[PDB]
Each structure stands twice: as structure tokens, then as C-alpha cells.
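Student: One-letter residues, chain by chain:
2 protein chains.
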Amino acid sequence: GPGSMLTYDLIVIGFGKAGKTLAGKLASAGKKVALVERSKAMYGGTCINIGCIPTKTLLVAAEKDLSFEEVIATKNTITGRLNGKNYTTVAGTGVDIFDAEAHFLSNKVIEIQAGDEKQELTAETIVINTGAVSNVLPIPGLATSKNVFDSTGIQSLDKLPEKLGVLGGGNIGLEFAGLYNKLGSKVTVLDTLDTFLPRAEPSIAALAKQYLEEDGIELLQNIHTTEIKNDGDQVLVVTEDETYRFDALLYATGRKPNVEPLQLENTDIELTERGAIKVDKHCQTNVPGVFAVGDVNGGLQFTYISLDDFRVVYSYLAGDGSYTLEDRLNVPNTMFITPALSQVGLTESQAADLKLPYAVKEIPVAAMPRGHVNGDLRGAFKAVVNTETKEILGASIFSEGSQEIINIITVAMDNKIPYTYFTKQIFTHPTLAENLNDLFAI
Amino acid sequence: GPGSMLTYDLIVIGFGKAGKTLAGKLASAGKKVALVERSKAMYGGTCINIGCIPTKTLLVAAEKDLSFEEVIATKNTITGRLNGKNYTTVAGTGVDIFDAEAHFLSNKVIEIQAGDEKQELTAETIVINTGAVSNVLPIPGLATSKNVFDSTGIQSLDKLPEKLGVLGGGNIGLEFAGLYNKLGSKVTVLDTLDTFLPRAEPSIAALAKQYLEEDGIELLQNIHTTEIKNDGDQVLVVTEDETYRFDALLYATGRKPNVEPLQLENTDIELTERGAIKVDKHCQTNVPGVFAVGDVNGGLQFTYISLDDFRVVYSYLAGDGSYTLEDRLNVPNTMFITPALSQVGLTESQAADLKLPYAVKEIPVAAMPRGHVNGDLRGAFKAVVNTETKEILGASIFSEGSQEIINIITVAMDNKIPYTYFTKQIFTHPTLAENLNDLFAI
Ligand SMILES: Cc1cc2nc3c(=O)[nH]c(=O)nc-3n(C[C@H](O)[C@H](O)[C@H](O)COP(=O)(O)OP(=O)(O)OC[C@H]3O[C@@H](n4cnc5c(N)ncnc54)[C@H](O)[C@@H]3O)c2cc1C
Ligand SMILES: Cc1cc2nc3c(=O)[nH]c(=O)nc-3n(C[C@H](O)[C@H](O)[C@H](O)COP(=O)(O)OP(=O)(O)OC[C@H]3O[C@@H](n4cnc5c(N)ncnc54)[C@H](O)[C@@H]3O)c2cc1C
Numbered sequence: 035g036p037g038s039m040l041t042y043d044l045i046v047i048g049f050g051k052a053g054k055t056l057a058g059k060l061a062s063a064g065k066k067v068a069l070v071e072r073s074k075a076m077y078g079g080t081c082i083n084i085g086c087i088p089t090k091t092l093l094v095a096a097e098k099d100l101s102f103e104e105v106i107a108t109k110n111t112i113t114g115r116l117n118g119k120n121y122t123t124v125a126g127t128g129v130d131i132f133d134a135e136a137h138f139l140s141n142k143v144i145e146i147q148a149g150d151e152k153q154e155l156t157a158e159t160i161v162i163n164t165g166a167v168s169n170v171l172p173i174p175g176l177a178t179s180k181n182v183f184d185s186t187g188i189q190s191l192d193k194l195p196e197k198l199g200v201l202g203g204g205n206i207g208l209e210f211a212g213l214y215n216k217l218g219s220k221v222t223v224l225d226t227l228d229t230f231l232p233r234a235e236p237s238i239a240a241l242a243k244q245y246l247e248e249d250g251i252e253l254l255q256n257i258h259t260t261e262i263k264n265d266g267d268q269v270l271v272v273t274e275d276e277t278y279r280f281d282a283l284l285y286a287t288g289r290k291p292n293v294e295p296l297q298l299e300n301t302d303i304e305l306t307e308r309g310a311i312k313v314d315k316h317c318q319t320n321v322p323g324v325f326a327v328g329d330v331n332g333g334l335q336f337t338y339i340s341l342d343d344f345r346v347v348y349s350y351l352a353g354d355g356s357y358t359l360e361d362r363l364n365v366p367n368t369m370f371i372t373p374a375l376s377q378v379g380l381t382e383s384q385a386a387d388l389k390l391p392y393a394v395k396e397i398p399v400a401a402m403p404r405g406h407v408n409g410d411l412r413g414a415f416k417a418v419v420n421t422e423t424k425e426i427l428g429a430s431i432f433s434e435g436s437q438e439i440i441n442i443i444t445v446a447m448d449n450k451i452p453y454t455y456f457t458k459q460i461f462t463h464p465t466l467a468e469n470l471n472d473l474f475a476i
Numbered sequence: 035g036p037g038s039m040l041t042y043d044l045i046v047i048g049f050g051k052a053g054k055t056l057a058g059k060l061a062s063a064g065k066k067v068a069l070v071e072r073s074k075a076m077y078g079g080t081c082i083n084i085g086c087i088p089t090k091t092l093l094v095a096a097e098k099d100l101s102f103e104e105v106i107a108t109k110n111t112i113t114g115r116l117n118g119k120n121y122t123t124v125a126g127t128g129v130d131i132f133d134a135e136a137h138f139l140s141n142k143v144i145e146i147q148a149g150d151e152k153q154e155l156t157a158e159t160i161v162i163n164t165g166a167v168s169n170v171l172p173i174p175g176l177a178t179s180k181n182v183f184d185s186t187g188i189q190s191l192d193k194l195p196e197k198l199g200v201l202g203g204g205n206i207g208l209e210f211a212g213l214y215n216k217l218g219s220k221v222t223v224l225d226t227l228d229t230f231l232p233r234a235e236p237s238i239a240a241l242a243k244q245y246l247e248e249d250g251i252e253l254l255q256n257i258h259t260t261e262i263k264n265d266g267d268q269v270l271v272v273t274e275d276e277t278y279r280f281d282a283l284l285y286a287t288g289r290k291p292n293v294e295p296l297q298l299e300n301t302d303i304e305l306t307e308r309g310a311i312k313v314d315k316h317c318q319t320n321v322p323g324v325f326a327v328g329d330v331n332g333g334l335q336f337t338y339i340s341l342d343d344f345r346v347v348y349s350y351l352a353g354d355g356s357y358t359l360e361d362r363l364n365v366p367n368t369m370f371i372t373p374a375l376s377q378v379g380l381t382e383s384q385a386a387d388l389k390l391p392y393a394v395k396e397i398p399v400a401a402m403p404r405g406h407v408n409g410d411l412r413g414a415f416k417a418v419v420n421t422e423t424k425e426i427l428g429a430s431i432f433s434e435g436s437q438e439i440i441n442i443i444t445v446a447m448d449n450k451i452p453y454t455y456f457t458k459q460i461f462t463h464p465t466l467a468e469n470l471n472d473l474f475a476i
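From first to last, the protein sequence lines are chains U and X.
Count the first sequence with this note's numbering and you get residues 35 to 476, in order.
Count the second sequence with this note's numbering and you get residues 35 to 476, in order.
Same shape as in the complex, but just chain U:
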């Protein structure tokens, strides 16, 4: 028969980054903790299974002597191991992991299916960590044509598509274009926008466009699609001036908070106008003791932002609440094209818009000895500084290893270190990082 409602100190909904971190921390401290996750293919969350880890594992594998099928299998081995490592690490702290989709019956009661019965759970603290789901554009035929995939489906194709279309121009789409180009596909990116990489420094965007085109990718702007349909197994993308034909189509046009399954109408929890779970500076909803962390609260969609939401909630629950969303320091980013394009802080354009007293300096990797050592002259560094306060406003690092190097910048920005320090730092040599000695001699 059915069980009586189970009471925990904390319930986490979703095996996301903030949630699994908070759950294990409090279970290790002796609290009674439950974590509810709808899919065994998602133990450890989006980054482990469908996001950060498989995407970058596929790109590393594609540079090696492996067939398409071997690259896919390598990705499955790596994500499968981390999936099991995450389940077992969380359960090993004492967290009770439930395999079900949770929905709310009231502010702090959830229901799950548990075999032939429903089971209810409650707690004093509920942390909603349900992530996001792919946007699907309302283009007629997109959702019903064969060989059309989102960013998850594209990771499990049966064979290499000879021609791959990508609809959208963000980090995700461009990383997959780079991947499939390496694997051997003829790749065309179709973007509605006029400007390629409009958030990047223009000089850096121009280099990126050059390198992607050199590598054989076709980058199209101002593309307005009226319909998607099939011709046999192939996909036709019908646009104003041309119909494009592909063996597979990826769409990558954003992801939105995953809130529908929760049945929030059964609670007092408020959504934002855009559909995210609304939170205050402590990631708390308007219901006391109910929080929302990671992508579902509408914040920046990176695993490291979900991790920092754990720091905010843990500060409020276990500490004195002194670290809040209003205190968050600098947030870098990387897009793993070839080479990686990394950035932190303000661009020149952003500093100009704020009327700050700024200066910039740019050095191409082609002028750097380590670029010659590497046999790879792609990329550039660009720094943006405030000539009055001596603060570093931002930097772009587009180069081999930039996903590591960018974090050098963040240490100095977070700690209010003047930009002139980088002219004095003693760097290892030969490296790309030592060129920061020259980039900051402004």
C-alpha cells in the first residue's frame, strides 16, 4: 500500500550543479537530505551528461585518429563514468536519491510516483534546481521533420552527416559546427542576425570568422527561414532567397527554465515575466525556505554560475547570508572553437557606452613567440583598462589554452589589482600567458 509522507531537512529537485553540491554538503554534515531526479541519464546534471562534458570530450576526440563511431563511443564512456561517479558520490554522503519527476502539491510538499503508488515528501527547505530545456523556434516543420535535432540529439547521430546545417549562432551552435567540421561534415551555419559574434570584440570576431571559414565552415547572416521540410531523409531549410539542403539539421537557439513539470500553480511561488522562477539576492523565492538555483532562476547559463548559486544559498542557510547575488564578482566565459575564445569583464564597446576613461591594447598570437613554438598563429589578446582607477575592465584571450589563461585575469579583477601589476609579474616562458606583460603595458 502507500507510504506515509517522508520528512527531510532539505529536498533538492533536480540533479543540477548547485543542488548536488548543497545536498552532499548538508548530508555530510548530518542533515537528512533527499534529491529527486527524473532521468537516470541525467545523474550529475546537464553539464555531465548533455552539456559541458560531452561537447568538449567530442571536440578533443575529433582531433585524434578515431572514426566517427569511436568518437561517439568515447563520449559515452566519459559521460557514463561521470554519471555514475555523481550518483555514487551524492548517495555516499547519505542523500536519498529518488528516481522520479517531482511536482508540487503545495509550497513544501512534493509528490513522486514510486512504483504502483504515489509518495509525498516534505522539508523545511526546498531547493528547486531543474535547469533549462531547449528552445524550439515556431518555424513550420521544424518540430516534425526527420533528421532535425537539438543540442542533445546531435550528440547521438547514427553516422556522420555529409552536410550539416546549424540554425542559430551562439556558443553552442558554433561549437557543434566546429566539431562536425572536424569530423568531416560540410557545415553551414544559418543565423537570423546581421552580426557574427556580436558580443565579442569586433577584431576578435573577425579573426574567428576568418578561421572558421578557413576550416571550411560556411557562416551565413540575415537568414530568415519560412519552413523546414524533408526530401526523403534529407532536410530542406526554406529561406527567402534560397532553400538549403542538409543530411541533418541542428537547432541551437537558446534554453529556457524548466518549470512546467513542477505544477507551480499548486504553490504561491512566483515566476518572472519571462517564465523563470523569481528569486531574491539569496536565490530565495517569495515562499520562505523555497529557493531556485542555476538556470531555472533565469541567471547566466553556466555550470560555474550554478556552483556560485550554491555559495549564495549555503551562505544564507548555514552562514550569515553575507554572500549574495549582489556580491558576485567577475564571470568569465569560453567558446571552444579552434582555438578557444575566452573573455571576461567589459568589451571596449561596453566601456565606451558607460563613458569610462578607458584604453585598450591588442596583440595578435602571430606576434607571440609561443604561437610560433606551437605551430599555431591563430588568435589575439585584447585588454580594456581604466586609465584613471588603473582597474582592469576586461580582457579577451583568443588562443590555445585561453580557457586556462583567462582565469589569470579574473584573479586580478576580483582582488582590485591594478593593471600595471601584469607588467611586473614574472611568468613562465615560453608560454602564451607571459604576453600579458606586454598586453598591459598601456
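Accuracy of the hints is not assured; some may be wrong.
The list treats identical chains as one, so a pair stands whether inside a single copy or across any two.
Each computed SDA-like pair below joins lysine to any residue, with the alpha-carbon atoms no more than 25 Å apart [said to hold, decoys possible]:
hint	residue 1	residue 2
1	119	396
2	220	84
3	180	197
4	424	361
5	216	410
For the record, the hints were derived by calculation from the structure and aren't laboratory data.
Following the hints, complete the assembly by docking chain X with the ligands onto the known chain U.
Tutor: Structure of chain X with the ligands alone, referenced to chain U:
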């Protein structure tokens, strides 16, 4: 006939790092500057032509689909271009570059051969930047046997040696062992010392030994050589218990200040007991206005230390002398085995010896998601901190990209940032650097 003595504001002896930097800086500012360099194969100095740049260029090339001869030619292309880039950048500032070996006639007069005549030059400031030369052990037969090379000769072998011996166990020897092993040689390292990598953390040295042996290198300790001789073209290294046979032998047992050619007996300039040019905190000799920078002053032998000696001398000549050798901050190092082994600050053993209130933490790369993404689980991170002051005392980063990552640590050590900051920094993901969030949760 002969020319009258030429007068400059500054004479630099040797195309080293500090010297070429100072020469171009002051010539660009309108001073009259001469730089005297004995070998056109050395324009740009040791790192460009025989040191940092060819060694690391050979290691990158050896990972690619290139024959031995193609790897050597690639190295020659890269160093040749940087040699010409350095000559032309320095001459383009207005420096007069003389192709000769300089020696002193008195404290601030040098003589060079200039065609069929001698030429004298003088200045108010002389900067001696003559670098170092390879040590050659007094082993009978070492200096007279065929197929025995120092670190320069080993970069120009006629063909791959099937078996390569390396005598000595520093960064230089081990990097060349790694290189020739990749290229296909059977490599044996013969070290007199009992302990492998005695300056590294022991756990890190043990991993390095494991990986080098996995890769096929033989690492021998406590080897005392009594003679080197030839058998035909092969080299025999006669040691107490065994005679080793190789197709070529590298010796790499250190480099010493290159002072003999200068004829310093014709000046008042003092040497240290070990034979370096003695300097004060401003890199100044006991003769006012004569300085010694880089390896020749006995300091740490890295290009980035020679660069920092430029900062010291420039502070004294052009500024207020407020930055001195006594003010130098933290100096990292990398040894480019596979993967690179980087370090900065104190080891655990060094902190223990100083009786500091320290704690340590170590995380293997095998426990880090990016190691799995990379398909490379080699290496580890180790942090050493002061639990009272919260300062970072030191770190070891042995991993892919560690030569970039180590510089993250230096920013925090130089700026007195507490180690707990690294638990809060928002790093890019997936990367090896983000694991600093966990390494510093001590
Ligand atoms: C293709 C791609 C590439 C990316 N690349 C990077 C990158 O390089 N770097 C980076 O930092 N970020 C990257 N991201 C973003 C990053 O993956 C996400 O921002 C982050 O993982 C989201 O974490 P989260 O904590 O919000 O929750 P998630 O990790 O999304 O977890 C939510 C969990 O909730 C579960 N769930 C949902 N609803 C319910 C319910 N009602 N009941 C039970 N379980 C439920 C889901 O099954 C899921 O496991 C990438 C994302 C994608 C898709
Ligand atoms: C194999 C090897 C690998 C190395 N790897 C690295 C590394 O990865 N990273 C690192 O930072 N360091 C490394 N080093 C060390 C680094 O190369 C040296 O520490 C640094 O380059 C020395 O610079 P310097 O300014 O002292 O002068 P140098 O660059 O040594 O220049 C001295 C110049 O003086 C000239 N000269 C000498 N006497 C006279 C004279 N009487 N008249 C005229 N000219 C003269 C020489 O021809 C030479 O060009 C390496 C060294 C070697 C040999």
C-alpha cells in the same frame, strides 16, 4: 686605417634578454646605444636560438606527423625567424649592433675586431649580458669522444640515434629525454644522485617517474662514470657496475657564467667565489656604471629572470632605483616533460624546514573531470598554505597546460591574496584551473 674610439651612452655586451630589452628601450627614448654580439647564430640570445624556443618547438613538432628531419627543419625555421626578428627589432630602435666578441681594455672601454682593424668603444653605462656556457664534467674521454654532445649539439644530430644516453638529471636533460623518446630513441638517463627530481614534491616526482618509465625512458640513479670512450661510432659510458652503449650521448650538468672572453683582469670588476660577476641589489658591479644582468651574475637561469634584471637596472638608470633584486616577488618554473610539471613557492618539505604553520592538499588529475575530457589522466595539483596568515606558500601543478595555470597562483601570492579566495573564484568550465576551487578548500 683604424677608427677613433666610438662613444655611446650605453653599451650592452651580449644579445641576451635583459640586454636587448634595455638597449631597445633606451634607443627608442633617444639615447645612443651599442649592442655587441659575438655570433650571428645568437641574435636574440640563448632562449631564442639554443634554449627555451628550440627545445619547446622540437617537443611540439615531435607530437605531429613529421619525420626526424622535418622536426629538426621546423625548429630551424622557427628559431631562424625569431633570430632575424630580434636583430631587426633591436636595430630598428636605433641600436648599433656590432658583430664581434668584446673584451675590456679598462673598466668602460671595450675592444672588438672590425675587419682588418681593432675598434674601441666606450660609454658611461656598460651592461654585461654574456649569459652562460655548458658545464663539461671532468670525466676522462667525455670531451674527446665522438657522438658526445651538449644541449646545443644534440639539437642538430644527423639522424635519430637509436639509443640515446643522457648524463645528468635536471630540467634540460629530462626534457631532451622526453623529446628523443617521442622521436623514437631508446633513452637512458644516468644520474649520479640517489633521488629523482629532489626539488619536486615527492608525490609529484613519483608520478613523473612513473609516466616517463611508462613512455619507455629508463631512469637510473647513483651512476658514477669513470670514463667515456668510443666503439666505432657508438659511445660507451663506463660506470662502476655496467658499461652502457649508446648511438649518441647528451651531457646536461649545468651552465656557468660566460666571463673568460671578457678579459676582466683588465678592469676592477669583481667575481664571486664561484666565478659569477658579483652584483649588488641594482645588478651593479663594484665599478660605478657597470652592471651584470641575466645568467652571468650567477642568478637563476631563466629568460624571465633576465627580463626582471632589466626591470632592476632600468629602475636604477631611468627611475628612482626603488625596484631592486631584494624586492623580487615570486618566481615560477616549468619542466616540459609530458605533461608539463610546474611549480612556484615553497614545497611542503621547505615549509616544514622553516617550521611554518602549514597545511597541504593534493588532488590527482585523474579525479578531475577535465582530465577525462582530455583523455589524459596524468598529473596532480598540490597546494601548500599557511593556516595562520592564510597566505599561499606554494603550489605544484603537474598537468596539461600547467605552464599557463601556474601563473594564476603567482598573481595571488604576489598580491598577498588569501588562499581562501581560490575557493570563491568563478572559473571557466570544463578546465583544469577550476579544480583550484577544491585544491584550496583546506
Ligand atoms: C550543449 C551545451 C553545452 C554547454 N557548455 C557549457 C560549458 O562549456 N560550460 C558551462 O559552464 N556551461 C555550459 N553549458 C551550460 C550548463 O550545462 C548549464 O548552465 C548548467 O549545467 C545548468 O545547471 P543547473 O544546476 O541549472 O541544472 P541542470 O544540470 O540542468 O540539472 C537539472 C536537472 O533537473 C532534472 N529535472 C528537471 N525537472 C525535474 C523535475 N520536475 N523532477 C525531477 N528532476 C527534474 C533534469 O533531469 C536535470 O538533471 C552547456 C549546456 C549545453 C546544453
Ligand atoms: C637547453 C636550454 C633550455 C632552456 N629552457 C628554458 C626555458 O624553458 N625557460 C626559461 O625561461 N629559460 C630556459 N633556459 C634558460 C634561458 O635560456 C637562459 O637563462 C637565458 O636565456 C639567459 O639569458 P641572458 O640574458 O643571461 O643571456 P643570453 O641569452 O645567454 O645571451 C648572452 C649572449 O652573449 C653573447 N656573448 C657572450 N660573450 C660575449 C662577448 N664577450 N662578446 C659578445 N657577445 C658575447 C652570446 O653569444 C649570447 O648571445 C634554457 C636554456 C637552455 C640552454
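Student: Against each hint, give a clear statement of whether it holds in the structure.
Tutor: A quick look at each hint next to the structure:
In this assembly of identical chains, the alpha carbons of residue 119 and residue 396 lie at most 25 Å apart only when taken from different copies (19 Å versus 43 Å within one copy). In this assembly of identical chains, residue 220 and residue 84 lie within 25 Å of each other by CA distance solely inside one copy; the values are 23 Å within and 43 Å between copies. Taking identical chains as interchangeable, the C-alpha atoms of residue 180 and residue 197 lie at most 25 Å apart only when both belong to the same chain, with a minimum of 15 Å there against 59 Å between chains. Proximity of residue 424 and residue 361 under a CA criterion of 25 Å is satisfied in both settings, with 21 Å inside one chain copy and 22 Å between copies.
In this assembly of identical chains, residue 216 and residue 410 lie within 25 Å of each other by CA distance both inside one copy and across copies; the values are 17 Å within and 20 Å between.
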